[PDB]
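First, one chain by itself: the form deposited in one PDB entry, in structure tokens.
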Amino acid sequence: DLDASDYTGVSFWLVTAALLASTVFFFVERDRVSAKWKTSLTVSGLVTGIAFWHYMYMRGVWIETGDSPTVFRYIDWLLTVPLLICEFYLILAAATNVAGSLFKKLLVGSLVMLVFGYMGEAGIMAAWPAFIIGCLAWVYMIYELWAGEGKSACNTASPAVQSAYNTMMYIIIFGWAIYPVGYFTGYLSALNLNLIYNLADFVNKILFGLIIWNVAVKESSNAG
């Protein structure tokens, strides 16, 4: 039985279980969605599925060592963040006709936020400059959602899709903002940084995928 002194150990176990439940939920709930939205729910399951597969290894590292598994942490982000950006393309493709140029601009900004974030936690370029650079890439992320191809594409979509797109954008706004909070807490320690990161994937990976499922089911029921 798990300890009750270290909240981080509880979070590693709690989150890991939630990502396993979410992965099964997303892959199974593709029956309720139309063939256009089936790809959107698959990518959500992959994000939670990869994150769960990465959290199992990270949970062992915490018990065996007690230090933050930074290398395992950022490798998972390097694989799941592009798939989350793909969700913006998929919903605008399963509802409207979008070429997808906004995908490239968001993907480049996301990679910059992750590449510099890993370097700061590894001692490269100290930590304060990394926090500023990671923030600026996050600032570029929010700007392209206010004005871009997606904003033009979201205008012609159904009101249900528009509400989802705004909610997903908010998640980029508030949810992705909590990562710099954990970065600030853990370097400006390790126990709180891992706790915040654990809770972050609860929102940015599970709540993000639940918004996709809700809009897909509403649209699919309309068609039947």
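Numbering follows the first chain given and starts at 1. Here, rigid core means the biggest group of C-alpha atoms that superpose within 1.5 Å across both forms. What changes on going to the form deposited in another entry:
Considering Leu84, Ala153, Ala130, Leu90, one residue stands apart with a C-alpha shift of at least 2 Å between these two forms following superposition on the core, and it is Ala130. With the core held fixed, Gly182 shows a CA shift of 2 Å or greater between these two forms. Relative to the superposed rigid core, the position of the CA of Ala99 differs between these two forms by less than 2 Å. Once the cores line up, the CA of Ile75 ends up less than 2 angstroms apart between these two forms.
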The other form holds:
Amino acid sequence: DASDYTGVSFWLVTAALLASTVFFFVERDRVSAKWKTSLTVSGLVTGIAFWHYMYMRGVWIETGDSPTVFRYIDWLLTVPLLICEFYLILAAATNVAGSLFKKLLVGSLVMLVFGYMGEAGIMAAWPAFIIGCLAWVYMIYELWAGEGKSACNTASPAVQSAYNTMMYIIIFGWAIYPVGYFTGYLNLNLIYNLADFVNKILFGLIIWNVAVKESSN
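Switch from the form deposited in one PDB entry to the form deposited in another entry and give that structure.
Below: the lone chain, stripped of partners and molecules.
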């Protein structure tokens, strides 16, 4: 109906994710060979999100609850790719080690795992939330003042601007998710749909813009 404001968002986000997947997979022609992997991973993130959103909508229609397990599965598939996009754009613009890829991957996995262990009641909410936030802040530090920044200082100003915009998304766009978690252990589906919009489409658009600019110039 026109009063829930949740199914409307579900449909809007699902169609936008499909559109973004097609856009990312098609626009690899405008970028050089180095940036094609970044655009491919961006498109993979949007496609996996669309894939899981279809089943989440199906479960919403059948039962009418929140599929926490399905959202965490989508996260366990997409958050590592989104965090490794930093390594990808740094590799397509300068010499990045790959140690960064490893540590970012590990941090994201830890963050998700402990978050789920708090969601499922396996571990007490406070401890799991604190550990997940520590993993989040560790990824933030690696992208802000750690190895990621050291690789960022040897890149082109366009790549640096894209890196900073993506970092701001990781700090403020991502902060939506733990906040809801906090609220759950002391609207959410709508908030997560809009947040996935911001964190799945705008992220890839920033990557696409910088890749196209670098290839053209």
